[PDB]
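Novice: So the chains spell out like this:
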Amino acid sequence: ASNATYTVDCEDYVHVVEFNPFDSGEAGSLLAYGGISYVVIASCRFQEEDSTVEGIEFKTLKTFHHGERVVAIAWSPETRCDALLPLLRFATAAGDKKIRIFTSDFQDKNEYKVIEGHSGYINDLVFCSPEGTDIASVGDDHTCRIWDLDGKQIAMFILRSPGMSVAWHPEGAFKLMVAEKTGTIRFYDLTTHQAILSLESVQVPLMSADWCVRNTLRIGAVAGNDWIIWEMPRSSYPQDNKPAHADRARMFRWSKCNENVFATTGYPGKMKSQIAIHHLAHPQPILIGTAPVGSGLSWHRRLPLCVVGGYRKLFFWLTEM
Amino acid sequence: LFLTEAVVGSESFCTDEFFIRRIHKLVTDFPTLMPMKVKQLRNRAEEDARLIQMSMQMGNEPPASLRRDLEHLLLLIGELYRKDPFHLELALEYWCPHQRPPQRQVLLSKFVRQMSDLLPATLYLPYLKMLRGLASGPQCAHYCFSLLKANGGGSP
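So the protein sequences, as listed, match chains f and A. So the first sequence is numbered by PDB author numbering: it starts at 6 and just counts up by one. With PDB author numbering applied, the second sequence covers 367 to 463, 481 to 536, 547 to 549.
Do not take every clue at face value.
If you want the ones that stay clear, here's a sample from chain f, every Cβ over 10 Å from chain A, calculated [what the hints assert, rightly or not]:
{"#": "1", "residue": "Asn220"}
{"#": "2", "residue": "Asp252"}
{"#": "3", "residue": "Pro273"}
Label pairs and their computed distance ranges (CB to CB) [stated by the list, open to error]:
{"#": "4", "chain 1": "A", "residue 1": "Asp500", "chain 2": "f", "residue 2": "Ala32", "range": "50 to 58 Å"}
{"#": "5", "chain 1": "f", "residue 1": "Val58", "chain 2": "A", "residue 2": "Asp435", "range": "48 to 56 Å"}
{"#": "6", "chain 1": "f", "residue 1": "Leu222", "chain 2": "A", "residue 2": "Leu367", "range": "22 to 30 Å"}
{"#": "7", "chain 1": "f", "residue 1": "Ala178", "chain 2": "A", "residue 2": "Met402", "range": "33 to 41 Å"}
{"#": "8", "chain 1": "f", "residue 1": "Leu222", "chain 2": "A", "residue 2": "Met402", "range": "49 to 57 Å"}
Far from chain A, by Cβ distances over 12 Å, these chain f residues were calculated [as the list claims (entries may be wrong)]:
{"#": "9", "residue": "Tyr18"}
{"#": "10", "residue": "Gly30"}
{"#": "11", "residue": "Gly40"}
{"#": "12", "residue": "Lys67"}
{"#": "13", "residue": "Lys157"}
{"#": "14", "residue": "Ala251"}
{"#": "15", "residue": "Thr295"}
{"#": "16", "residue": "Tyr316"}
{"#": "17", "residue": "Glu325"}
No lab work stands behind these hints, which were simulated from the structure alone. All residues carry an ideal CB built from backbone N, CA and C; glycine is no exception.
Take the sequences, apply the hints, and build the full model.
Specialist: In structure tokens, the structure reads:
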């Protein structure tokens, strides 16, 4: 088990962690993490980006009182730290089945809006517009729902099982990916409000799916114990299927810098949650990390670096390319 | 900036009367043929400047994304008339007392006065440099002299 390259202390348990995938106009990479009753927004700078930094410079920028356990965080594309018009916008899902949109100027103006209408737990959410006006959410009510920033439901797709992950297509307009617990991944067009296509996993339950940003034909997921890769439009069947974890895989995320590298996490388990970093050319994980109990997995935008939340700590692994 | 540094930079520009006339026409045609756009832009700039500057003044530093084209514009006017080889007292275009004041002369004179009304601290220097350039050619001397003198009759 590799030790984490960097470790940052947190006030409480980290339930979710997400790097800002967008350019905020700052030299540092923005990071959001959700606790039991709060969301923290921080800036991270690494020695690999700036030779004036020894290891990791971690600065808390803002803390938002949430009052509920945060389960998912989505960054808005409008998020900017530019000194002329700073705007922080992100969405959260929590155990109360509500979405909260937070807006801040990083000064005194801190607003949040509550969106209601899911009848079950929300499992995942994303901003599903380049303009950052629309939010997609999925949950245990067997719905995928589309919301404006006004909290009005624009659209609703009835699922055949609980929606487990949702992702916007990185290049193609109007394409939403929805991963269902029974192994089906569906693609929806938000203009026509129609399902375009599905993929099926060989294993169940399907727990997380992500798009490869560097190769928009590739989808990766975790189902049962295994990680699964599809290459579109070649087949509805997996191209690759290999073991990820000895007992239940939970999260899958593609590296933002390398189309052959991805991370998986094991389920919040008695054997301390393993992070496994995989490279498609290798039959085994290139790195196996241990986090004592960790939830959330996110990749840095530029560096070959991933973060996992744990017990009062963030753990960072740099992958040698 | 390019017209200021690269064109007039040439000391040979000092030579051709017809160089000065053409550029003079190009500069006078812009406020005459599209002043609406011109004014839009002026006001925009003044305002943005004021805003960001004041914001920083609270405790920050001015945004690296600033662009003072007006100041470059004021310097351009100052440098263009600064010295003319022809010595034809062309700067006369800046002064409105032959002609029952040609509409063009009135608008330009209004431009010089409008720029003096509630002058932001950031435009103070470019404006002086502009005036400096506009007071060449004796007739012009006297006229702008008096103009400004009276305008000061509080404007920084």
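Novice: What are the numbers of the hints the structure violates, in ascending order?
Specialist: Numbers 4, 5, 6 and 10 - these are the hints that the structure violates, sorted from lowest upward.
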